[PDB]
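First, one chain by itself: the form deposited without castanospermine, in structure tokens.
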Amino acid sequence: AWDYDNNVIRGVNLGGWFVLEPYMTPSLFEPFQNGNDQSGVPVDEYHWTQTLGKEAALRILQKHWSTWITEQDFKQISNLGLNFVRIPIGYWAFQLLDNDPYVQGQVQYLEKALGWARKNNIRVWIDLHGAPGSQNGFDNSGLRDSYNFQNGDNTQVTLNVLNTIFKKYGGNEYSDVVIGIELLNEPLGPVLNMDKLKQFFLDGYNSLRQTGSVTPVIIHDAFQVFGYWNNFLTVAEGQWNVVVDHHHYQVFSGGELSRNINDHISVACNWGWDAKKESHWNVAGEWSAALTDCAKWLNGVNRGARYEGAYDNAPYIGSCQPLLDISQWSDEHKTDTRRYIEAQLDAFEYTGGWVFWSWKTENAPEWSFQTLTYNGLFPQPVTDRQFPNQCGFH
């Protein structure tokens, strides 16, 4: 349903939909704030659902699931020239651990979304974004600050969930829509046993193929250096239809944030040069326009921004207040953003393509494809360049 050699992915993530992220939909978390005190705000979907209880969580989530993304968004995605969406989903949509607080019902909307994709000629990756015990301790896995995916039977439960995803979405029914099943979003390589992670990836690969599926297996790079996965799941070993998903951002450390705009662009270009050298098809599955970590709660509930020296011992660069609203951005910040977007687009189109994180946010402009497009900062059409050939690719 896709030619990874000849086609280029031009997509957006449908984040914040089936896995709640506080910075993307702060309105679902803000009611727990007491004045200026954020100490009682649930920090992730696990705690948000636990605090609300099953009945209220389901009522509120049904409303969210039914309105956050609808068929109209798919039409808009298509109309903007995009051809792909990545859909993050947590394990709890298919299976609950004993005592899990999560509620289910996401599958119904996922299936609606696959039909909306089909109708608008959009291809999809289904991405298992959160695994039992958490594979990275990020709030986007469902459970912040826990790293127990390789503990107990958590890996086996994840494989059982993947088997359900493989049987439902890796077969003939969605073969015209689903062009990749991503086994696990952002396993945090540095804190995990890499040998066991590779075994898990191999087990998922084999299990999928064993079902008769020919669907591409997407493996996230686990934050490893470029080329790390070159000798894994290779055609020489009869392993095929494998894609490496690289996520690229330059805002999650003081060092990255302090780069001037030219250096930010040089790093973006270098991502293109280095991805070209890899032996597997590869797609920039996540990236954004952000040059700051200012979006409220981006680093997590009750955590400030490194950009204004309020987190991770980073030095103050600038005030975030002025950057929270796109109408308050200076002409220079708008220009820098446009340059940054275009350099990333060129670098990612140099290989398999790109998937912006994310389609929409409630009020975080750097992370919203819609907002940037409407304010003229994201090229439209997407091939438009105000700053042509910043990288000089050959």
Contents of the next structure:
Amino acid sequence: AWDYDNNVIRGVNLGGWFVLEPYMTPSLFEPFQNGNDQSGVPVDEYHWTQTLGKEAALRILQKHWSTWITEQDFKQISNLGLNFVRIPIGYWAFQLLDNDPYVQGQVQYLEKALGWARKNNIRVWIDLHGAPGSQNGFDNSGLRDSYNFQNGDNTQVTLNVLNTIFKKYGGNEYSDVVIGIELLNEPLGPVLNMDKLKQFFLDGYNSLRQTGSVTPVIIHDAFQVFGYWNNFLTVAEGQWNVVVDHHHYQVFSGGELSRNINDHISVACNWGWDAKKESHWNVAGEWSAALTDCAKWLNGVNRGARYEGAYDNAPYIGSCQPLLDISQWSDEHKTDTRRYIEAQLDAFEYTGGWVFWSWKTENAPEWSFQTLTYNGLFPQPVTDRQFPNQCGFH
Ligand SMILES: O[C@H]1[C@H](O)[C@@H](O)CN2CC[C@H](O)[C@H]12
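Next up, the form deposited with castanospermine bound. The previous block was the form deposited without castanospermine.
Zooming out: every chain and molecule, the one shown earlier first.
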């Protein structure tokens, strides 16, 4: 359904839909604030559902699932010249641990989205974004500050959930829409046992192929250096239809944030050069236009921004307030953003393509493809360039 050798992925992630993220839909978390006190705001979906109780959580989520993304969004995505969406979903949509507070019902909408994709000629990756115990401690895994995916029976439960996903979406029924199943979003390499993570990836790969599926297996790079996965799941060992997903950002440390615009561009170009040397097909499954970490709660509920020296002991660079609203951005910030977007697009089209995080947010402009496109900062058509050939690719 896709030619990874000759076609280029031009897509968007459908984040904030099946896995709640406070920075993407702050309206669902803000009612828990007491005046200016954020100490009682649930920090992730686990605590949000637990605090509300099953009845209220299901009532609020049904409304969210039925309105956040609809068929109209798929038509708009196609109309903008995109050909692909990545869909994050948590393990709890398929299986609950004993005592899990989560509610289910996401699968009905996932299945509606696959039909909307088919009707609009859009291809999809299904991405298991949160595993039991958490594979990274981020709020977007469902459970913040916990790193227990490799403890107890959590790896085994994850493989069981993947088997369910393999049988439902890796077979003939969706072979014209599903062009990859991503085994696990952003496992945090540095805090995990890498030998056990490789075994899990291999077990997932073998389990999918054993069902008779020919669907591409997508493995996230686990924050390893470029080339790390070159010798894993290789054609020499009869392992095939494998894609590496690289996520690329320059906002999660003081050093990255302090770079001037030219150095931000040089780094983006280098991502393209280095990905070209890898031996597996690869796609930039996440990236954005952000040059700051100013979006409210991007680092988590009750955490500030490094950009204004309010988090991670980073030095003050600039005030975030003036950057929260795209209408208040200076001409220089608008130009810098457009340059940054174009360099990234050129670098990612140099290999398998790109998937912007994300399609929409309630009010964080750096992270919304819709907002950036409507304000003229994201090229439309996507091949348009106001700053051509910043990287000099051959
Ligand atoms: O929203 C999250 C997404 O859920 C994760 O896969 C990590 N991404 C990295 C940038 C931002 O944190 C974004």
